[PDB]
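J.: Sequences are here, hints too, so could you generate the full structure?
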Amino acid sequence: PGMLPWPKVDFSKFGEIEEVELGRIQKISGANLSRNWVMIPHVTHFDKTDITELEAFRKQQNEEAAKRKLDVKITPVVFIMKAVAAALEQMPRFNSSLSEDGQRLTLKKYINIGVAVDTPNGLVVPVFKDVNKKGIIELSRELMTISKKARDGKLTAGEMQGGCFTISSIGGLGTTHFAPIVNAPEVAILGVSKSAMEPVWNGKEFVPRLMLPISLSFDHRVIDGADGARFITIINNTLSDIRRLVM
Amino acid sequence: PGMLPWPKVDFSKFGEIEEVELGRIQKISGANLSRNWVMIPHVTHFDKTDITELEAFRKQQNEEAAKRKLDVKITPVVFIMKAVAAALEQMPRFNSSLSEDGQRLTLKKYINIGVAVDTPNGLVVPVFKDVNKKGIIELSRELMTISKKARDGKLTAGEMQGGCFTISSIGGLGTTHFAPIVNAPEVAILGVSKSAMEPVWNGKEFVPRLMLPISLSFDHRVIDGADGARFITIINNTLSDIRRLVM
Amino acid sequence: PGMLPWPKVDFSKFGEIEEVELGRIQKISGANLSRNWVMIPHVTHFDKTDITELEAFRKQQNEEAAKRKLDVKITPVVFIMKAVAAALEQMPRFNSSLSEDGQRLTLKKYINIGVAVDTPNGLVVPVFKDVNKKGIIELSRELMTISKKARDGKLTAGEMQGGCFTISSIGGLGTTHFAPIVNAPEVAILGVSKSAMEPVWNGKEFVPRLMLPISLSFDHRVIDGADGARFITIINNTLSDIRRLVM
Amino acid sequence: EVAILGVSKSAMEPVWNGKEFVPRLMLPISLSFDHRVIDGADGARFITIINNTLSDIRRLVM
Numbered sequence: 383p384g385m386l387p388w389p390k391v392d393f394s395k396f397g398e399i400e401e402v403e404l405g406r407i408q409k410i411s412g413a414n415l416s417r418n419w420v421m422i423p424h425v426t427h428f429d430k431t432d433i434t435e436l437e438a439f440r441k442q443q444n445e446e447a448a449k450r451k452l453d454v455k456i457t458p459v460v461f462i463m464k465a466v467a468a469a470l471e472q473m474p475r476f477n478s479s480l481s482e483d484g485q486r487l488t489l490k491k492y493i494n495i496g497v498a499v500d501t502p503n504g505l506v507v508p509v510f511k512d513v514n515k516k517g518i519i520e521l522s523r524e525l526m527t528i529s530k531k532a533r534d535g536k537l538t539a540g541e542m543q544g545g546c547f548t549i550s551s552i553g554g555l556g557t558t559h560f561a562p563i564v565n566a567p568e569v570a571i572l573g574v575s576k577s578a579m580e581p582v583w584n585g586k587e588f589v590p591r592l593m594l595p596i597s598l599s600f601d602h603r604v605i606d607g608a609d610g611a612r613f614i615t616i617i618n619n620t621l622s623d624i625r626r627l628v629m
Numbered sequence: 383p384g385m386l387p388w389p390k391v392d393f394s395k396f397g398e399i400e401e402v403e404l405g406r407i408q409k410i411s412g413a414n415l416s417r418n419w420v421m422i423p424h425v426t427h428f429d430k431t432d433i434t435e436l437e438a439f440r441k442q443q444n445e446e447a448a449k450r451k452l453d454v455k456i457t458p459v460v461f462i463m464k465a466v467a468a469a470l471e472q473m474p475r476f477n478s479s480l481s482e483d484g485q486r487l488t489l490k491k492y493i494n495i496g497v498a499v500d501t502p503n504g505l506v507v508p509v510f511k512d513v514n515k516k517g518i519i520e521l522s523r524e525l526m527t528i529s530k531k532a533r534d535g536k537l538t539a540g541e542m543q544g545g546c547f548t549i550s551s552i553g554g555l556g557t558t559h560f561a562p563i564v565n566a567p568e569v570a571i572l573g574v575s576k577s578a579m580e581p582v583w584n585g586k587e588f589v590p591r592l593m594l595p596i597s598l599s600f601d602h603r604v605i606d607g608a609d610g611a612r613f614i615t616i617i618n619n620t621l622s623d624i625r626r627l628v629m
Numbered sequence: 383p384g385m386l387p388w389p390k391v392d393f394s395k396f397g398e399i400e401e402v403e404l405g406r407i408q409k410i411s412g413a414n415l416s417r418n419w420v421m422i423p424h425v426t427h428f429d430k431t432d433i434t435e436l437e438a439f440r441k442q443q444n445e446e447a448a449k450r451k452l453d454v455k456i457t458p459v460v461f462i463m464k465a466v467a468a469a470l471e472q473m474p475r476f477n478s479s480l481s482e483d484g485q486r487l488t489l490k491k492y493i494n495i496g497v498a499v500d501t502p503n504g505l506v507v508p509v510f511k512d513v514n515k516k517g518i519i520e521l522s523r524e525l526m527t528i529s530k531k532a533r534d535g536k537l538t539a540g541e542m543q544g545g546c547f548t549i550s551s552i553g554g555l556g557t558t559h560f561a562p563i564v565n566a567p568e569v570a571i572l573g574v575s576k577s578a579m580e581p582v583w584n585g586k587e588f589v590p591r592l593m594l595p596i597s598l599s600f601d602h603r604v605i606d607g608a609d610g611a612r613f614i615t616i617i618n619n620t621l622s623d624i625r626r627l628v629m
Numbered sequence: 568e569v570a571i572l573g574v575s576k577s578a579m580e581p582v583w584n585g586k587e588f589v590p591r592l593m594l595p596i597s598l599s600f601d602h603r604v605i606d607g608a609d610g611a612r613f614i615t616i617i618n619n620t621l622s623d624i625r626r627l628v629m
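Residue numbers (the deposited numbering), protein chains in the order written: chain D, 383 to 629; chain G, 383 to 629; chain A, 383 to 629; chain J, 568 to 629.
Watch out, some of these pointers could steer you wrong.
[Stated by the list, open to error] Taking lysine-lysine pairs in the DSS-like style, the calculated list, with each CA pair at most 25 Å apart, reads:
hint, chain 1, residue 1, chain 2, residue 2
1, D, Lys455, D, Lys511
2, G, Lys576, D, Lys576
3, D, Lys441, D, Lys455
4, D, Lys515, G, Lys395
5, G, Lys516, G, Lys451
6, G, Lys451, D, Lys491
7, D, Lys395, A, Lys576
The hints are simulated quantities; they were obtained by calculation from the structure and are not laboratory data.
T.: Right, here's the structure in full:
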């Protein structure tokens, strides 16, 4: 366009500097993020789900499977993936991709979910196939195997494609809320922060509930505010009462 | 520019797909949103107003007008519109529009407010003229008539123009906070989520207050952070103590 | 590109209007903000720090220095600057600048911090040099002198250059959260809202703590979500327990 | 003029709310009017409207 150029200031006049290059993966990620930011309008919706029975049941399952000797660890991100898959089942519009020209929408019938995994080189997004037709134990085992593979830096190109709903979990570091960036060709992305014990009004007095904040960014060209609010409310209801996964 | 092209991935290799076209209104809305996102820098400010006397007085007015037989329903969005009109009266800068070249600012003396109305085809923004010179009952009656007209899909082009401050209310669906997108030629936009009973510190101990979260997006080219903070604080004060509407 | 043009609507057909020009500084600021918005993807992270001992110790220092007669006022923004400098010391990546082509990163060894100061013409960002090698009293005195100079409108060009981490404080106006815009060539920017007495769970029951909300915007091309979360968590820990400034 | 309103001194009086008396700052208001044009019912309605507006000032916008 006709914008001003990037400010070029000689940083060596204020102190010592050290100019270094960037890796190929970093450059590709930066270019993709810039393109997504300049091509996708983001409308982040924030919410807080009540996760008290889910965490207790997860710890109960872990302590009851330790006795049975299974070497399987169950994480809340598995339940988040299940809730996301259920919400995608209920609303097929979020499980789609907008074309380059923005005139044709390619709806998807399958549900494959990407998961943000921390690595010494940054973050990776391995994709799990068919999350709506798998159990908690199988998903946990696959997640453990994929995390072990990623932390060793051996992920292949076939496990990095086919995603439909990236989930970014950063609850182990901090933050109470953050707005992620939708990555093409996906339409929506869900971010999870750290869970905190907050007072919640039940009707008579406040009670301590383990609230988990969830943010949801989406492309405003395909999804409006009402649909995003309904989608995040469905996710909130599924996470607060996991028993809805069978109902 | 020189960005990477949109990722083209054959989605048919992972499962069944169904490609469908988009309507003219959807395409126009998407193009407008994309242009606004790539031309308007958004600086969303979040706040929570204390609405306990306002809701109680609204229900009191409804129950006292049911006896008088008026067939008029009073909604909190009417009070939100009145507060927005008062804030626009106090600060004329938000009631304006920036030119295409970004060098000339067209200040406005009139106050017409757009309202987000849910329809089976999405969201519409009918505009109410002269909100600063109308009463609560008249505004409620006009809002009911406009909502009935919109839900029937009979809105005309003359009722979709002249707005100065779009208000997006999604409290009936969910979300605790969301950042809307400013639509040209408007400068600011206000989003309203769902009201929740939260503990508020009065000076001695926490008390349950019905807090309503409000977000405010605006163009950073014309409005800076301080002016936006003052504007949203004025709205917060007007909504928390509605008696300021006459003072 | 091929976006739709800016909507041109004759505003004189709805009421009185008054078209006015914009100042040179306003135009330059708007152009810079537009360029930063269209070139830098923003990923805002929100957090709330527990500031109860820091505020009490600040008021204690003020009341104990009033007796000694020093004519020095201590503000929490000084402690925020110290925490930011410590975090930049711990993580040199945030104290850098990305080149125009996005392939070379110029790391910085010095720490100069910009501060948002309110003026009748808007907001200014004077830069303080070497914040990691100065005391609280010296920083407070320099801040008072700079604020007095700025409110008189006598800031020079030499005091407006060399910054590495702009801090925007708007706690004296309102808002519970806001997402600022990163200004080139800086990588990250921190925004501070108003502190509120909120209930915090300690392990047995909620206690009133003076929580201060802090937002952090950064360029996603250089900083990912995990690094930003770690950085804001380090700032949160430094602000909640200021005694870490020596440890 | 047809009517005239007189205002005296406000006093803290006990008012029954439904369960027990509470102290409320009551203000006495008198209203004289010409009986040729205004009857008792219209004057009572007018003074009741004034009473409702003064007791709940938020009605000034409603």
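J.: Of the numbered hints stated previously, which ones are contradicted by the structure, given in increasing order?
T.: 6, 7
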